[PDB]
Amino acid sequence: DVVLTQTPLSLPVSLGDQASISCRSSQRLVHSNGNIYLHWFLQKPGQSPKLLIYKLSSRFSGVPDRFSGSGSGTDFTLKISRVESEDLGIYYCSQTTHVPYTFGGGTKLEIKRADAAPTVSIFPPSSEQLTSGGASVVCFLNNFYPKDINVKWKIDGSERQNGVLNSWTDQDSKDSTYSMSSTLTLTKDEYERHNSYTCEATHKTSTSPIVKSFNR
Amino acid sequence: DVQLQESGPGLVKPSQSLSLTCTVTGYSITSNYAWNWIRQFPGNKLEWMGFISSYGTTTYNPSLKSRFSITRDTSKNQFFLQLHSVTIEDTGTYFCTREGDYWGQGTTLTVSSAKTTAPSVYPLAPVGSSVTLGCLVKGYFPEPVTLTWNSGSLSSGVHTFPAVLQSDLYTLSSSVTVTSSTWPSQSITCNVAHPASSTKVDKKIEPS
Ligand code: NA
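One line per chain: the protein sequences are L and X, in this order. Convert by adding 1353 to the 1-based position in the first sequence; the result is the number in the numbering used here. Convert by adding 309 to the 1-based position in the second sequence; the result is the number in the numbering used here.
It is possible that some hints are incorrect.
Said to hold, decoys possible - As a list, the in silico EDC-like pairs of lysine to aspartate or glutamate whose alpha-carbon atoms are at most 16 Å apart: (1) L/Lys1465 with L/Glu1439; (2) L/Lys1403 with X/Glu398; (3) L/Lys1397 with L/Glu1481; (4) L/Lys1465 with X/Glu408; (5) L/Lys1465 with L/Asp1525; (6) X/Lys513 with L/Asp1523; (7) L/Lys1408 with X/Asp310; (8) L/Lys1565 with L/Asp1525; (9) L/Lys1527 with L/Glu1437; (10) L/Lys1500 with L/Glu1545; (11) X/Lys374 with L/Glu1439; (12) L/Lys1465 with L/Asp1523; (13) X/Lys374 with X/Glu408; (14) X/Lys512 with L/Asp1525; (15) L/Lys1408 with X/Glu408.
Claimed, not checked - Over the 12 Å line for every Cβ pair with chain L, so calculated as not near, a few chain X residues: (16) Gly317; (17) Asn341; (18) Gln414; (19) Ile497; (20) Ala505.
Think of the hints as simulated: they come from the structure by calculation, not from any bench. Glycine is no exception: its CB is placed at the ideal position from the N, C-alpha and C atoms.
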């Protein structure tokens, strides 16, 4: 089976700058008909993959001329000339010279931006939730950049590390910012047995953790 | 133009035999081209399963364990992916396609012996210049699910977070920022919909 390797995995680029994605094939993709059925897709977040370039260098309708593809035998490049925001997502190469048809592993295109620190918010368990014998504490870390971000959950000064659910959003193309949510979940008991609930965030934008808290 | 819409049963148990639908419009599946089924797994890896030619003849990925076929109905202008005994490892998002130039939104197949569960919708009200609230949809199964703010009217400064699975239960949270002068002088309600459990919940965010 034809294996396609994409380089790199991730790829930060500045607005207005030219980006290029590389795809490498474990086999020659030249058909008998003389054509190279190597194609390019972009998958925007929440969306389905979309054809950019087909047969190596042919550009699909409605696709900006900013987008171009070339390559040589077993090495292939996609060039994005003047990067805009809408352009963010996962980029895939595929081949259809050989059955079975195979896809590259994808290359995430991240937009370079002004480091930005998270806007932090801490949230106590609902009445409703409390009634059910549930206790969840929610912490949002919104509109930060870059993506790398660690959190700590402290109960009465010391650190919890059992019962933590984390979720990250894909890069917002509206402002090139990321967002995270963390939910610490305990038993209504284990909860009311402590006072202070702290949500600690680590990030490049600060040599020191960003702290948000509350007293039960 | 050519449009493709997937549909399917959503959740099913292992060993279940099953079929997915691709409904094509604006173009006949008899006319021309090859009509594909493609699969995306978590981790975002894409896998080509097969196609049905415009002649009604099929070509499959011989490198797969999954037992399947592809069929059509030229009259309703649909083609179908029939999966013969799904395993857990068949969980993923299935796309249908004309070649590679037209895709459907996609349809989620979850293969689990876990039972369907309606979620608990929880209001996160606060304890500066703007203000932040939250929705906690917990302990449902499967997905998808649906979250809006003020019936979808309010869409600015919202953050819906991908669901995360813990012990065969999903948990999903939502953020929304508004100006201090907005809340709670104006009511902000959270709008949850879980079609799978036929649940629809509306949770207004009250202070304290
Ligand atoms: Na061909």
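Hints and how they fare:
Distance check on the hinted pair: L/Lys1465 and L/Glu1439 sit about 13 Å apart at the alpha-carbon level, within 16 Å; holds. A hinted pair counts as satisfied when its Cα atoms are at most 16 Å apart, and L/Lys1403 with X/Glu398 does not qualify at roughly 25 Å. Between L/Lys1397 and L/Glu1481 the alpha-carbon distance is near 37 Å, which puts this suggested pair outside the 16 Å criterion. For the hint linking L/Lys1465 to X/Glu408, the alpha-carbon distance of about 34 Å lies beyond 16 Å, and the restraint is violated.
Of the pairs offered as hints, the one joining L/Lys1465 and L/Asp1525 holds, with about 12 Å between alpha carbons and a cut-off of 16 Å not exceeded. The hinted pair formed by X/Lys513 and L/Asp1523 fails the criterion: a straight-line CA distance of about 27 Å is larger than 16 Å. Among the hinted pairs, L/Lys1408 with X/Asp310 is inconsistent with the structure: their alpha-carbon atoms are about 22 Å apart, more than 16 Å. Restraint check for L/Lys1565 and L/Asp1525: not satisfied, since their Cα atoms lie roughly 24 Å apart, outside the 16 Å limit.
Simply put, L/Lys1527 and L/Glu1437 have alpha-carbon atoms about 11 Å apart, close enough for the 16 Å limit, and the pair holds. A threshold of 16 Å between alpha carbons decides the hint, and for L/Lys1500 with L/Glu1545 the separation of about 34 Å lies outside it, so the pair is violated. A C-alpha spacing of about 37 Å is found between X/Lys374 and L/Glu1439, which places the hinted pair above 16 Å, so the restraint is violated. Restraint check for L/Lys1465 and L/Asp1523: the C-alpha separation of about 14 Å stays at or below 16 Å, so the hint holds.
Distance check on the hinted pair: X/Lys374 and X/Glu408 sit about 23 Å apart at the alpha-carbon level, beyond 16 Å; violated. For the hint linking X/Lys512 to L/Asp1525, the alpha-carbon distance of about 26 Å lies beyond 16 Å, and the restraint is violated. With a C-alpha separation of about 12 Å, the suggested pair L/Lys1408 and X/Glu408 falls inside the 16 Å cut-off, and the hint holds. Against chain L, the non-interface label of X/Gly317 holds: every CB pair exceeds 12 Å, the least being about 15 Å.
Separation of X/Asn341 from chain L is adequate, the least Cβ-Cβ distance of about 16 Å exceeding the 12 Å criterion. Listed as a non-interface residue, X/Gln414 fails to keep its Cβ farther than 12 Å from every Cβ of chain L; the least gap is roughly 6 Å. Remark: the non-interface label on X/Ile497 is consistent with the geometry, its nearest Cβ contact in chain L lying 15 Å away (cut-off 12 Å). Every C-beta of chain L lies more than 12 Å from that of X/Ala505, the closest at about 19 Å, which supports listing it as non-interface.
In summary, the numbered hints that this structure violates are 2, 3, 4, 6, 7, 8, 10, 11, 13, 14 and 18.
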